[PDB]
Amino acid sequence: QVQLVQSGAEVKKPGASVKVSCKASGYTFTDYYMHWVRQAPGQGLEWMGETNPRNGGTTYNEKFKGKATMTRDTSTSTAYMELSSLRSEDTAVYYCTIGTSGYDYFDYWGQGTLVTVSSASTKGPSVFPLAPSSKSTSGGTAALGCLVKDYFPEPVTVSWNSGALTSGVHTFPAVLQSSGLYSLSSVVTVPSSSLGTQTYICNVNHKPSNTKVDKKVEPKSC
Amino acid sequence: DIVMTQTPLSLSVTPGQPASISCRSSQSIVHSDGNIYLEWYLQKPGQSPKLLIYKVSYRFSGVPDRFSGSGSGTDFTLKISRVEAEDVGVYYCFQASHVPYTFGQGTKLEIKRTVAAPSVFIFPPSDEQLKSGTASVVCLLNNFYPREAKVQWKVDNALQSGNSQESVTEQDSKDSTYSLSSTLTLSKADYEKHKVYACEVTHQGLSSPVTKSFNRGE
Ligand SMILES: Cn1c(CNc2ccc(C(=N)N)cc2)nc2cc(C(=O)N(CCC(=O)O)c3ccccn3)ccc21
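If you read the protein sequences in the order shown, they are chains A and B.
Here this note's numbering = 1-based position in the first sequence + 365.
Here this note's numbering = 1-based position in the second sequence + 4.
Just so you know, not all the hints are guaranteed correct.
Capping the alpha-carbon separation at 30 Å, the derived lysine-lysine pairs in DSSO-like fashion look like this [claimed, not checked]:
| # | chain 1 | residue 1 | chain 2 | residue 2 |
| --- | --- | --- | --- | --- |
| 1 | A | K572 | B | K54 |
| 2 | A | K577 | B | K135 |
| 3 | B | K199 | B | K158 |
Simulated from the structure, these hints should not be mistaken for laboratory data.
One chain only, chain B, in its complex shape:
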């Protein structure tokens, strides 16, 4: 099989910057008809891939002007003239010249936008969940940049450990930010042991940490 090697594995560019992605084939990809069937696809997380470029340099219909492709022999390049927020995702190169057709390992595009501090929100367990014998407290960090944001759960200022899960979104395709959801789950009996439930948020855009909290039962 023809190995398709993409460089870099992760591309990070500032807004207003061009983006170039290299795709190297381990063998020649000249179809028997004389053409090179080299394509470029963009995939957003939990979305199917989208066609950008076909046959090395032809821009697919409806694809923005900024996208273009080139390459010769075994060397191929995907070009973005000026990156837009909607450009984030994973770019894959693909050959359909020789069977079996093969894709590259993909290149993740990241927009290095201006530092943005998160907006912090907290949600006590709903009245519904409390009837089940379990209590989940959620802390939301919204629209921040960069992705490195630390959450510290505190119960009456005692730093919590071992009962929380967190998840960060893919980069937002409108404003180039990230959002983080953190869930602290305790049994109702353990929930009813503490009063002050707090999430302390540390980030590059925050001069000092942000603490969102509530008093259980208030």
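The shape of chain A in the complex, shown without the other chains:
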């Protein structure tokens, strides 16, 4: 029931500032310290600091002090982490986490906010169906999918039939095109016998532009 609701994604120019939110639900906000954790390529996982939900003070990891400003809003039960004068090295996933048994462990985490530091404009994707046909069958099985092409920046999340289809689902890591834009694909193996009764919809979410796309993948008569 405890949920930490995060911003998802943020795109910012270098030198700009970003305020990452973490909305607390399913518990009394003032009961637990809020933590911020960075996951960046190379540096990896790093604890940034803990914010006291009572006095509102933060105990920082010296490395992030000044650079990151960690606050706690009791009127909206939201904790915030503000990164000032963004540089390309700041591109990372930012997690908010809490511990429910004193200072023993981090049992609850947010989904993470992917902050991209870039001068380039946000670009929503194209969503093309990868229709099942005679060319995509393997002994009673039919493969189908969605090609999520030409977006910027990361991430894109994909689900099938609003999360109801997960068995045999493969969402591929994004590839970086020669244009600087990203592309990914998401596939599912389903019975070939049920192509005439089931509807398969890929639910595409380009987090940085908040573009939600529900694309029906209809069978091909080829």
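Using the hints, position chain B with the ligand against chain A.
For chain B with the ligand alone, kept in the frame of chain A given last:
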């Protein structure tokens, strides 16, 4: 800061095998209260980390029986009694005894399952994309093992170069396999120059390569 060093960086074990991961702290991690706040977290790609072990040896609630932890002074070990497909990901050790709290660099766990040949599927460009002036052909290699699988795009048997992108999944947490998506993208004008579009698949589990193809316009 306390440096947390994990060994090995990559662990590969066969199904039915135990798994051990070492975590070395560059300094003592005894909190002022006398306890050691050493934790273990499992992270799957594009998922938040999940708590396994806390305070060196205590198994977190809801964590499977097979997981356990130990260690003394600066030496710490994460143990899996028998690896399950659901165990793949990156294991991180973490100290919360001294500020700033620090994580290990992580250990990637891989299941060395029985060789599995890929099932090959091909998708011609959709009718929708063709209206845009671009044509993408997709070749899918599904549920194979090991991850080393080669894709060769052929247009009328002429080996293609410079216009394709591919991506491999993380190891599957149900059957310990990998899947690979390869996309050949050409302008509509370049697409309409060739007839036989084929992806030739080479893999350890395939005695001879698998070629999936279609004729453009068929
Ligand atoms: C340093 N610090 C943190 C930071 N969180 C943290 C989480 C996880 C981890 C970790 N991963 N090991 C490491 C640190 N939480 C703390 C809880 C207490 C505490 O005992 N109480 C009880 C007293 C009361 O009922 O108020 C408490 C509870 C809520 C608010 C204030 N005080 C003391 C000190 C604490």
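Checked hints:
1. Proposed proximity of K572(A) and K54(B) is supported: the alpha carbons are some 22 Å apart, at most 30 Å.
2. With a C-alpha separation of about 22 Å, the suggested pairing of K577(A) with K135(B) holds against the 30 Å cut-off.
3. At most 30 Å may separate the alpha-carbon atoms for a hinted pair to count; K199(B) and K158(B) meet this at roughly 10 Å.
No hint from the list above goes unmet by this structure.
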